[PDB]
Every structure is written in structure tokens, then in C-alpha cells.
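Removed from the display is one protein chain of the complex; every other protein chain stays in position.
To keep things simple, chains are lettered A, B and C as they appear, and every chain counts its residues starting from 1.
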Amino acid sequence: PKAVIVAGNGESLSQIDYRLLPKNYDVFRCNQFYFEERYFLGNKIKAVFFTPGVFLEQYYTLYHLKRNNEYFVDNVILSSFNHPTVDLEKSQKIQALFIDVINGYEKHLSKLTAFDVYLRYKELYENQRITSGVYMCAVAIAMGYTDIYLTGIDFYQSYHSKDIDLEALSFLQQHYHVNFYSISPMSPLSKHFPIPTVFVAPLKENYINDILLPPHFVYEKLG
Amino acid sequence: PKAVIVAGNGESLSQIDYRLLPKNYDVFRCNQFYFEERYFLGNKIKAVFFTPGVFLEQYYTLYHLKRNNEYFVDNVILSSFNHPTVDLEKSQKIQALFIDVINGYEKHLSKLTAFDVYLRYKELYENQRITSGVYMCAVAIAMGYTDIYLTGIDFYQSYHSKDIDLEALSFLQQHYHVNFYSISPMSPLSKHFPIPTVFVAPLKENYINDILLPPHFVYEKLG
Amino acid sequence: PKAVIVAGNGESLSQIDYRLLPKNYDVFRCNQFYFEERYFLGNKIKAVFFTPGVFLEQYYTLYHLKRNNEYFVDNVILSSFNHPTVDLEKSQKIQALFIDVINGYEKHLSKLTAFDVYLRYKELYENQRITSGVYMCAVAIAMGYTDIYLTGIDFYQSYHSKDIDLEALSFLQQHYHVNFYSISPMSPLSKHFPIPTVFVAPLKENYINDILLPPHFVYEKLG
Partner (left out) sequence: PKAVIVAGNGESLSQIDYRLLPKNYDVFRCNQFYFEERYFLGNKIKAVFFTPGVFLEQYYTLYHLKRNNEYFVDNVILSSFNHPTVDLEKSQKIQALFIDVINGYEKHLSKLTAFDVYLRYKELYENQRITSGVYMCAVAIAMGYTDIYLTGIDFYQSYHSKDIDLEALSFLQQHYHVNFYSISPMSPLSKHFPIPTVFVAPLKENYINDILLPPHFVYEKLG
């Protein structure tokens, strides 16, 4: 479509001004998005992102959440760079077990050649990496979206730093001609991106607020 | 076609009412189907299923049976799930030796996405597996058949249980809109599926009633 | 085309009756075909066959022979069955080194399904194998030829025997409808195939009559 809202797990997720939101939009979530005490962005999620480091404990929890009718997730995307020095073999191991998991690099992240070369050089020769928030923005750019509203990204309120996250965002702004907006006025991110021009979150009860663990025999068969 | 009869090795195979059979149909057999003392379903078989656990002793016996003109088999199908934790490597080893063996998962079982995801989750996180009877029904559904007549399935008269076999059958009934019928009135299976609305088996003599074993040197070259 | 002459290294190669040869034909040779003391079949060869067991010492000798203008070879074919228990890995090793070598099984021998299944079963369960003469006939059948004139095959004047070579030839006669002829009246092969209905070989001088050996350092780099 045209508009998409990407959200992180920062402390500014609860300070969203709902007068700046567009009419039609999609929501992207990642990692421990189910720790919310309120439904800040509803229960409809276009896509979710899980890192290869912890994936078995996340798929099980997502299955349990979807079984109890708490969220309506459409896609599951693995946040892998397919680089030989970090997660090349683990991505193959994960993909050999599941069939409904979409690999991010092969499908969306490989279509940005300059950004891919930049990231690979910085990973190989400088030991620097981007967070999940920039990964979601890159995937949204690669999927055709043009308006990206950022929230919940507080810029870390040793690979990850603030000189690579800000430099990568400016790289995508200059090379692919997309618009970035901030919907949290008090967030430090608003100092770099313009506020757009001009609803109480319902409470959650008896919800799951911890990551579930698979039984003991699950690890035995994988080892 | 439209109708197909799937048969197991249960004790109710000899108690079939032949007034309920349709006009044109195909027969599916599996495992030690040649231990019959009578020709309950004739000598024409559309397809046969062999598990990867014991396959070398089965192909040899099937070759000997077909050489002596006792059965007329058309296809041989390997009952493999292609899951890394059970039979992923053994299936490749078997397929590297024979060229006339059809892999079930790649050809028929991979076209049912929801059923495949359900089975993979239950295998990975709960240690539960389905029997060959449900595998044959799933393959028949995936091959275009609409009427499936079950027989010889007595529901086990530790992976296999009666809460996964019955749950999988209901899953296929709800999701793919197929009809299941039981042709053994005294079988416990008739309590869950309707009896359809309204011939002596010839005796077998000097037949093979035991699984044949390859010579000793066959195992040496494989090890 | 239509006619092809296949020749072995037997003692009946020097007893060919040249009145029975057709007008236009092709010649197939194999193994140590350059040990002839006379040019029995000329110096034009359509294809040559080398076994994977000894191939490095044969390619070098063939290169030296072609450099000195003694034979005019068109194709080089590797006589591999691609079976995991005999020469599966060695064929890949050979093909990784040379680019002008044609693999026989992948190109010609895989298009005869019944013959392939028969050979694989006999190899796996009975320890029986065919010689190069039957391999050349099968390849000629698979390449479209219809008239095959056999010579130099004296039927061994422990895998190889006379109950598999004769049984394989009858298998190809019955299943693919080809004509076999013998051009050596005194050969024992004429007792099984009909003689067709109704030229001094030039001498060879200062020729190569032994298989050449590569230098010592060639084996070091391969080990």
C-alpha cells in the first residue's frame, strides 16, 4: 500500500499521539511485542519479525497466543542477513524445520544492492550491525511502501550503536526517496524527522507476559 | 477418479460387507499386505506404501511376489515426512539407490499446507505421529479422490495414539470437504463415520507368508 | 543414423569378413583399442569409452595419440553407472577435472527405464555387472541406431559372466526392437545371432603399444 507504522519495544510506545495517524495503514511488530499492558496499536499485525538467536521459544509462544485469540498475525519473517560469519547455518537449520517462515534476506533485503553492499562491508571490516527497527524499515521500503511512521524507537535509551542506526536511515532516505515520520513528540527521534501535520488503549487482562519454554525433550532431539 | 478403498492390516479386514462397495474403485495397500490367507480385495493394487524403517527387505519381497504372478502393483510410494529429526537422510539414501520409487511428501503430501504445518508442529513440540492409514487417506485426498472407503483400521486393537489419528481425520474432513465411509459394520470406526446406503474371497495356496531376507553380503556393501 | 559397428578387444577382431559390412556405418571402440597391429576398422572413430577405474592414464595416452595424427576421435564417453556402491563419487571427481568428457548414464543410459531398473536390481541384490560391450550396445540403442554389428566380443574367451551378458542382450532385443548381427563367422557369438546376407588391413609401424604413465608429481597433487 502507501502507509505503514513500524513500532519498537521502547518506553515511548505509550506516548503516541493518535491525531497524527493516517487513515489506512499496516503495523509491524518484532521480538517481545506481547509484553504490552495495553492494546496500543490494536490486535491486527501485518508481519512479525523473530531473530535467529531465539526462535524455537518464540514460535511456540506465538502459536499459543494465536490459539487463545489474542492477536491476528498474517506473516512470520526471519530476520537473517545470510552472512557466513553470523547466522548462515542457523538460518538453514531453522528453515529445514518450518515451512511457513519467510526468510527476510532472500525475499526482500536482497533487492537493495547498494544497501546490502554497505551492510556487508560494515559487518566484515568494522564489526557493526543494525537493530531490528532498521531491518523492518528496509523491508517496508523493499515491499513498496512509501510512508513509514516510526514509533517505539528510543535509540537505546557492542555492535549496535547510534552512529550506524542514524547513518543507515539517512542512506535509505537519500538513495530510495522515501518519507519518514515520527508520531512520538517527546521521543529523541523527533529531532531528526519532522512531525506530521494534524483514543484510549484498552487494558489487557490475564494475558501472557513472559516467554514460554518448550519441554525438556525438545532440546534432546535437536542435539 | 472418484472412489478409492484404503485397507489396513487389522482383524476387521475379513469382515467386509461386499454389498456396500461402489462400482468402480481403486485399492491402496501398505506394509505386510501379502500375509492374507484369502484374496479379500483381489490381486489388483493401485499403489503400495513402504516405510523407510524397513525398505530393502520389502522391495526384494515385492519383486519376488511380482515375478511369481501373485499381485499386479502399479506404483510404489515411500512413506516419508522429510523431517530432519526422523527420516530425512534415510529417504535420500533410499532414493539414491532406486529410480522407480515415488517419494510421498515431495509429490502429494506437500500440497496440503495447513495439514503439513499441523503435522510438523505436533511432531516437533509434542512427539506425536500418525499411522500409515492416515497417510494413505491424505495422499488419496491430495490425488483428487473424493470418496474414501476405510477398512482394516481397528484403531490399535508411543508416538501413535487414538487422539491424533481421530483428530487428523477430522482435520481433513473440515478443511478439504471429502467424504469418509466405513465398510466394516462391526468395526469401532463405524461409530464415527456413517455406513453407506445399500462374494466369497478365494483361498490362497503355497503363498509367501513371511518377509524375505536379503543375502549377507548385501549388508556389507551398505556398511 | 541407421548402422553402427561395435568392436571389442577379443581375438576374433582379426577374423572379420569384409563382404558383410554395410555401406555407411560408425565405429565404436573402448579401452585399449590402440594395441592393434593392423588398422582393422580404419582410423575414424565416432566415440570411445573409458572406465572410471583407470582414466587419467587413458586421457593422457589418447591426447598423445591424437597429437601424432594416428586416430581421429570425435567424442569421449565415461562408462559410469552412477551407482552409489561402485563409482558414484569417482565419476564426480573425474567430471570436476575435465569439461570435454561426456557422462554415459546421464546422457544416454538414463533414457531406458526398464533396463536401468533391471541393472540396478541385479547390481544391488545379486552382485552381477555387465561388460563394456553391452554398455556400448545400450548407448547405441539409446542414440537412435537400429542396426548394430557386433565384433571382437568372444564372451570371455567375478561379477561378469555369460548368463548376464546374454540375458541383457535378449532384454534389449525384446523390449526395444533392434537388430543384432555378427560379422565374425567363427566367433561363438554367431551361434546366437544371424549372419547378414552377402580388404586387407594396413600394417602399423612405430606405433604406441603400451599405456603411458603420467609423471610422479601428478599423483601427489591428487592426494
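Heads up, the rule we're going with is that contacts are C-beta pairs under 8 Å (C-beta built on N, C-alpha and C of every residue); 3 or more make two chains touch, one makes a residue touch a chain.
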Touching partners, among the displayed chains, of the absent chain: A, C
Sole contact to the chain not displayed, among A:117, A:212, A:213 or A:222: A:117
Candidates C:97, C:102, C:114 or C:195 - the one touching the absent chain: C:97
Residues in chain C touching the chain absent from view: 60, 63, 96-100, 214-215, 217-218, 221-222
In chain A, positions touching the absent partner: 83-85, 88, 113, 116-117, 120-121, 124-125, 127
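Simple rule for what comes next: only the chains that are shown with their structure count from here on.
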Interchain centroid distance [CA atoms averaged], chain A/chain C, Å: 63
Whole-Å gap separating chain B and chain C, where each centre is the average of the chain's CA atoms: 45
Shared interface positions of chain A, touching two or more other chains: none
